[PDB]
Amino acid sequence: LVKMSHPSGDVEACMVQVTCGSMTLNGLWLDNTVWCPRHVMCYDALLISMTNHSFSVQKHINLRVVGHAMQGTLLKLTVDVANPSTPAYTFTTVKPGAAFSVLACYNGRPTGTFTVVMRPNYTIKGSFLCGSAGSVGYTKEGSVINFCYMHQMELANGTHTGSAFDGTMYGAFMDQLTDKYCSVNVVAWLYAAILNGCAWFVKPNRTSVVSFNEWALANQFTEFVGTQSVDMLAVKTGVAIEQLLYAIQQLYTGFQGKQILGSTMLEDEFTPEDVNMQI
């Protein structure tokens, strides 16, 4: 169980530096559009101020802006060359629990890649430093990149949020509720444990989904919504979801010194899908 990212080449070919006089940051160049965060201008009062000439766009790894418009918290810029390296792509909004890959850029140059889970409070726990705004987060399905995240801002110590390519900001943070454990990702992690022969925490006892969900409300756990990749884990292991829900309820109390997949605590950063592909 490693944290696995999608290969970043497709997206590396679309990152650019976009500047608005004082402020500079990262942009995503798809076909004839450069997307980027709108606080490059730092709102409608800011937008009217601007000319096409007020932005300049560079590819490091020759673009003239010839159209500009605002969409939610994102600038949608039009440019006079269509990106020859543009992937087949899609905009989609992720839901808490889902995992995606982030390409962290600076000055329009990619520097790292990692995987985050969209956290129940609509933030992500990544590594973003000054100037990383406009790094994109994506998933890949076939050859179709799904762009789902443009990085905007840091809120607390090591917690970040961003936009969803319609303009909306995850969790509506203007440019935080308490976090919870993602119950299904934990269940999947415990299946991964069982699959690698770490099944000491399995007892016959069970907890229905309906009661677990009531229990979750009081213990900073999200609702559990089973899906088929979980059902596939249950089948291969012969352990029912309802058993693992009982074990979550008792492991949250304490691990009593023991281990699971090396971990001393619960792990909600792997999804049923990630477990399936990897194991």
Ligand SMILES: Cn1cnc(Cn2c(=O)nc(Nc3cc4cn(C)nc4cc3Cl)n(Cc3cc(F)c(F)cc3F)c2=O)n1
Second form
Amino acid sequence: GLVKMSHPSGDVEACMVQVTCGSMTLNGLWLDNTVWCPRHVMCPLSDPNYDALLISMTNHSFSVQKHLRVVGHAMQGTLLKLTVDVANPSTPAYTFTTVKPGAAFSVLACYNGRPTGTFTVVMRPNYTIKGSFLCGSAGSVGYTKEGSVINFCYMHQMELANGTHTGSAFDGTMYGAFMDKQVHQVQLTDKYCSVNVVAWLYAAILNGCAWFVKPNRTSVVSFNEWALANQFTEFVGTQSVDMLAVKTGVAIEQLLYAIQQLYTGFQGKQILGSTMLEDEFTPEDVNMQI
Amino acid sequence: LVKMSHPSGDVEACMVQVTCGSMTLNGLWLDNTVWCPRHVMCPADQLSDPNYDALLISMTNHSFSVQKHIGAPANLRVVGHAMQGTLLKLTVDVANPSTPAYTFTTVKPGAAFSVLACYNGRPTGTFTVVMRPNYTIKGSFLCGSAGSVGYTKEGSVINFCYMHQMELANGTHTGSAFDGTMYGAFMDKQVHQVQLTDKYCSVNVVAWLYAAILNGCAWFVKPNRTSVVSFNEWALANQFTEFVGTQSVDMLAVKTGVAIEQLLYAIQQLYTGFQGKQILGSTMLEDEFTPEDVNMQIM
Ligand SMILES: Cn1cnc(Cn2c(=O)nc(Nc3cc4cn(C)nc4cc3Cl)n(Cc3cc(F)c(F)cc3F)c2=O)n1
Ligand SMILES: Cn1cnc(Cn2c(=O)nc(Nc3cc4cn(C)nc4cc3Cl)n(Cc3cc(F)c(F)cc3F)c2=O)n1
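Having gone through the form solved without this ligand, I am curious about the other one (the form deposited with this ligand bound); can you provide its structure?
Full assembly next; the chain just shown is listed first.
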């Protein structure tokens, strides 16, 4: 069976700081001479004018604590870019790439600048995540690692009226275009991550559970038109999926056909003990864990 | 309801690679001591029947090489060696300057801890497991993970509770407590060993049903009740642990208004299968969430 696995968090722990502006406080991320944090900390809340708020900021509007003097301030989308006079001596090698729905990443949950827990989520097709966050977590950070390069991909912003969560990429854009204000907002309807359901079926086949494999095939292009009408994402193949097809001898298109049948029901059978489709493990997860 | 682990940085700073002859695995560097599994002493002949007492006598301080790869790299010299149960206690001539405040305590079945999986002294992943009623854990471990460390954290104090030793069957593992005793009394040698049958951790199943009620999923709740004593007689016959209430569980009962005995009755109906229904996105009973975990996460 598959195990939820997160990256070691030490590297990122060393970058977490607390940012306070007026009576607001949250978490920031300190890289080199810059502290990133959500611009909501500038707000005195239901409909802020962040452009005016930025103008009103003065030399000592922000205070940064590591559990740091601010020399400049800028805004990049829904994030603030705060210049500090001391460079983080433990800045990892990093990139800022936006994650796509179905991709997994690790989250370091923090409160007032202190790391408290870590877990892994997949970005949902409706650009929310199913995290575990309490009040005081605004500015917590999500990331993947490739080699020793950290890709920072998520800065936490808000809990929606569901239990679901959203935030920003470090280019400043909010995932799913949610507005960083306290107004009722409703997410789009979620979908199954097709490529992840495919990975899970491959995991089943690797563990001896393969009754759903038939010779029938459904092409990618044909599955994708069906998916638009049945709350699945578009399937996009990857070399990681190809590796699963090679070591099982079962082609993607056989599994696309199987999903079409399984969406109707499992007949009277189980898959890896479950009678529901699973889309929270990626092809990369299955490759490295089986 | 996410699988939550402690931030791993405190423990990452203590992981080292330990080598002896042709064997290499992970060690834990705390002050002037490096802890690692004693299997690192075992030669290729005798991997199935080692004489660790004799192996230890044949060893010198010079038999052991120790490196720290991540963070500030490694100048460690072994100046002493001892064996404690299934663990080696190596003494080095530099005290780890990032040693956390720590304790050694053995965990009991049903309790959860974080694991930092490492390979050749390099941390690669973290996850949370529960100590199973048959004294195994179901982690994600590959070859080269022997000596990876499990732990909890309370305030500033890390409790180290697990040093990974062996894969018993696919996906089933065991290890030592830091007093050196193997969980489940498994033997640290290359031989097939059968484990006792696993059981559902009843108090964690109860915590999870409370989490479902808190989240608006309560179709399984009936007025009907089963007493603790009568449930525990049933559990003996159905591979469930004995239910033992705690203050953490009582908090959930007060908040939801649903008595423990109502959920004990519901478990008896739900192990007969969910019919076609789901609970918190699952079609089977879940027992890896503790009452403390549910109280923490759902407040
Ligand atoms: C339950 N929950 C789960 N995730 C979250 C995230 N979250 C948060 O941690 N804080 C928020 N509001 C603040 C209140 C403050 C009080 N002080 C003294 N300082 C504060 C700082 C913040 Cl950020 N919010 C709400 C929220 C945050 C935003 F970034 C935003 F644009 C709009 C919002 F309505 C929040 O969701 N809470
Ligand atoms: C798939 N898997 C999941 N968990 C494990 C744990 N595990 C392990 O990582 N290594 C082991 N044997 C070694 C071989 C070595 C080869 N070199 C060069 N160095 C080695 C070091 C070790 Cl420890 N084992 C097997 C094993 C380990 C013990 F500690 C023991 F007492 C008996 C055993 F059969 C292992 O289970 N692998």
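Between two forms, the rigid core is defined as the largest C-alpha subset superposing within 1.5 Å. Numbering follows the first chain given and starts at 1.
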Point to revise | Flagged residue of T90, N205, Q71, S127 - C-alpha shift reaching 2 Å or more between these two forms, core superposed | key: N205
Review point. Is it true that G262 shifts between these two forms by 2 Å or more at the Cα, once the core is aligned?
Key: yes
**Study point:** Rigid-core-superposed Cα shift at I241 between these two forms, Å
**Key:** 1.5
